[PDB]
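Read off the chains here:
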Amino acid sequence: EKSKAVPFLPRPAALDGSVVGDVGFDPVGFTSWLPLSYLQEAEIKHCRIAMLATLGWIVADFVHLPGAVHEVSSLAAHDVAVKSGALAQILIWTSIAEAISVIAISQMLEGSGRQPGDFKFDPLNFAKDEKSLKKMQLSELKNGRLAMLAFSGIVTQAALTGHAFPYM
Amino acid sequence: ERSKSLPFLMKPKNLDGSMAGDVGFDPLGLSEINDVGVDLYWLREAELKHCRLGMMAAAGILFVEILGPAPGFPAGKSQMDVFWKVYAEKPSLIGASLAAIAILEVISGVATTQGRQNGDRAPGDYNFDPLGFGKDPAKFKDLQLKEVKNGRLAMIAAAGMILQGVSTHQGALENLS
Ligand code: CLA
Ligand SMILES: C/C(C=C=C1C(C)(C)C[C@H](O)C[C@@]1(C)O)=C/C=C/C(C)=C/C=C/C=C(C)/C=C/C=C(/C=C/[C@@]12O[C@]1(C)C[C@@H](O)CC2(C)C)CO
Ligand SMILES: CC(/C=C/C=C(C)/C=C/[C@@]12O[C@]1(C)C[C@@H](O)CC2(C)C)=C\C=C\C=C(C)\C=C\C=C(C)\C=C\[C@@]12O[C@]1(C)C[C@@H](O)CC2(C)C
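Protein chains in written order, with this note's numbering: chain A, 4 to 171; chain B, 570 to 746.
Everything labelled a hint here was simulated from the structure, so no lab data went into it.
Heads up, a few of these hints could be off.
Here's a subset of chain B near chain A, in silico, CB distances under 10 Å, partners left out [what the hints assert, rightly or not]:
(1) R571
(2) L667
(3) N696
In the DSS-like style, the derived pairs of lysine-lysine whose C-alpha atoms are separated by at most 25 Å in a straight line are [unchecked claim]:
(4) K7/A x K582/B
(5) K7/A x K618/B
(6) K5/A x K654/B
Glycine included, each C-beta is placed from N, C-alpha and C at the ideal position.
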């Protein structure tokens, strides 16, 4: 009762405390008719994709790969990269990863034990015990949400005003 | 048995004494509506939202007309017509404000319906007391009465300002003198 985020709204009844980044924020009750693991996986995937996208947009408006095709702004880079076939390679490998993801999310939903977003990818450690893993999961979630909103703002401002890196 | 405000009318059944500003002024018996998701809880929440919105709007009109606009913002003293001058030059501000108000209003409606269902939240309550001006009781009732009276007065005032600006196309205090 009385979820932490919205103090005047009831607790979403599906987010008690046992999830990283769980401040009880679900006013429209998306968790009431969708699996929690599915939504967590979707959120983490969005976080990672948008973090990579924000970093790439900002960097590519500064540094360009050698070649005349890579001499466009990130706003206009989509139509150039799709014509050159640059985005085709990313599409192919992302589709391979996403088919393996289809298998992984199916197994997670039907038992297994794989945590949402846990691909066990960890060449370095950066997370030795449970406490470090929880803290870094919270950091990843917060940074990913911030980067999703940041990429949203960057794209909207750049489309509104065709400016360089300062999209004001 | 008779309403305090209207002695020629019987006391409205649903308005005993609880809500701040209750004087029994329900001649049409609207407090007894229990259909289309509308009841005393919904009516009180709507009244409080109207009170707060009217207070904010009246304060904004008076502030802008007396102390002038903020730097970088248009002038004209007609608040119903300066809106189109702001939108003509800063449409993004208006759009962002509208989107924020839309999200907050969706949250407000969800909260109203939930609090009506599992009764734990008083109508118009959003737990918004950052400065702790209404922590203790015996002052909360007085603050509720002050808010309700000021909000009704500002509702009437803001409706008047809207109509005056739409019709006369002049400022509020311009109409005053
Ligand atoms: C969402 C991810 C994403 C997407 C869709 C793109 C898309 C694009 N980038 Mg880009 N970029 C990204 C992230 C991304 N970038 C990141 C994170 C960086 C920082 C290193 C850059 C740095 C960058 C530069 C410097 C340039 C581009 C350019 C371009 C355009 C054409 C060439 C190209 O594909 O990039 C080539 C990308 C690189 C050389 C660096 C990519 C490094 C990756 C993203 C990090 C490692 C992630 C890993 C491989 C994930 C594995 C995927 C899995 C399925 C196997 C194209 C529109 C070029 C352009 O035309 O600019 C307008 C260009 O000059 N990008
Ligand atoms: C279904 C729903 C929402 C909901 C729900 C949920 C989501 C299901 C959740 C719950 O469970 C139930 C329920 C029902 O709550 C309904 C949504 C509400 C609506 C339909 C929104 C309406 C808002 C309209 C407003 C507030 C417009 C005001 C216009 C003004 C104009 C201003 C002007 O300046 C302009 C522009 C020109 C100037 O010249 C002069 C004037 C004219 C003054 C003043 O502001
Ligand atoms: C800034 C913003 C969001 C900021 C979010 C932040 C900081 C989030 C922080 C967190 O996530 C972290 C970091 C960690 C989480 O655990 C906790 C929180 C705290 C939640 C959203 C802006 C959101 C801004 C929005 C939605 C603006 C919308 C504007 C519109 C629609 C206007 C459109 C128009 O103006 C045009 C474009 C042209 C005109 O011609 C037509 C019209 C329509 C007038």
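Subject >> Proposed proximity, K618/B with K7/A (alpha carbon, max 25 Å) >> reply: Holds: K7/A and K618/B sit about 23 Å apart, inside 25 Å.
**OP:** Go through the hint on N696/B and say holds or violated, using the shortest Cβ distance to chain A against 10 Å.
**Re:** Holds - the Cβ of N696/B comes within 10 Å of chain A, reaching about 4 Å at its closest.
Original post:
Regarding the pair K7/A and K582/B, is the alpha-carbon distance no greater than 25 Å?
Top reply: Measuring from Cα to Cα gives roughly 37 Å; hence the hint is violated.
Original post:
Taking the least C-beta to C-beta distance, is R571/B closer than 10 Å to chain A?
Top reply: Hint on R571/B: violated, closest Cβ of chain A at ~36 Å, above 10 Å.
Original post:
Does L667/B pass the interface hint, meaning its C-beta sits closer than 10 Å to a C-beta of chain A?
Top reply: Check failed: Cβ of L667/B comes no nearer than 15 Å to chain A, outside 10 Å.
**OP:** Quickly compare the C-alpha distance for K5/A and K654/B to 25 Å and report which way the hint goes.
**Re:** violated, 42 Å
Violation of the numbered hints given earlier is confined to hints 1, 2, 4, 6; the remaining hints are satisfied by the structure.
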